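The chain below stands alone and is given as structure tokens, in the form deposited without the named molecule.
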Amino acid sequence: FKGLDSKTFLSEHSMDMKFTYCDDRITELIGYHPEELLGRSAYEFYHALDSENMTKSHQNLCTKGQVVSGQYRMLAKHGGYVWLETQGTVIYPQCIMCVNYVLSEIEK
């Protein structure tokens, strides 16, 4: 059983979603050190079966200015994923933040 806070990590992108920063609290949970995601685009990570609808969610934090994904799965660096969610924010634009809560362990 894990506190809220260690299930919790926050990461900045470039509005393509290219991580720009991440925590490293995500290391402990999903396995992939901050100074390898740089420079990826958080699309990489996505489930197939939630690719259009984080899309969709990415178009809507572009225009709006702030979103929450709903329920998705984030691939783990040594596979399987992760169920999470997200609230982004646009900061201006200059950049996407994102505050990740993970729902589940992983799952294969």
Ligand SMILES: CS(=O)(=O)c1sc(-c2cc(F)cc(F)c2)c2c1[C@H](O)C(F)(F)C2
Given for the second form:
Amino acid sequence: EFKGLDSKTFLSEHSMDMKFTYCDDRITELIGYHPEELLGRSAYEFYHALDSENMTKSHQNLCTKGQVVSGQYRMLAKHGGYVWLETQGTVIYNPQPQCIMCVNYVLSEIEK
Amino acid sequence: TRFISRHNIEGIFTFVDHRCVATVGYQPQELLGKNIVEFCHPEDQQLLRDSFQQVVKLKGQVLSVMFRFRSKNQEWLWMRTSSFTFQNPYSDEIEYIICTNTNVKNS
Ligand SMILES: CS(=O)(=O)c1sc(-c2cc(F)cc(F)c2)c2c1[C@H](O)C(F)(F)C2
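Let's compare: the form deposited without the named molecule is above, so bring in the form deposited with the named molecule bound.
The complete assembly is shown below, putting the previous chain first.
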């Protein structure tokens, strides 16, 4: 059996430099990482090199428009390999940017 | 200073990040299954219900709301909740609301 859409969705929070400030525990059963080992690390460290430029542009669009839908991209999984994701990022501003909220969906087939 | 929560369109907490303890004093298990309006000051309840109704119509745009939240330490804390709906585009499941809740100054 394979996981559905909801079970393949995890939330993450980032500072404006892309560093993780929060990550939902659901990332562990999907990508192998424990949230605590992601804190303080730039999201960019996990992008597959072939998606890095597209992710730079998606971050630039997010910073100017306040919200963005990324294209399909690869994130390095803990024990090797890359998983395909799509993220909806949203900037939380002080009505000045405070942080970025990501809703991350794993596109790849994940068992269970 | 802040915590994330996920709600159904009625306002029920369906996900609460552990930073809620430092922000409002409650454990996530004390918030889950309860409605956000149950922790809201009676003067702000209708504004909070109207804001949850409207965030659904705004297409993923952020809707902010300031209201008084009753902490576990029996104080009315000013909270600024920035909310937006999320609906997985590969599905037609009912949208849910994502919130970032911060204790802010009314000054
Ligand atoms: C809005 S976006 O450009 O689509 C996007 S995707 C993503 C991300 C989040 C994860 F949890 C894992 C991962 F590999 C990348 C992030 C972003 C933003 O640039 C970020 F700074 F907020 C970091």
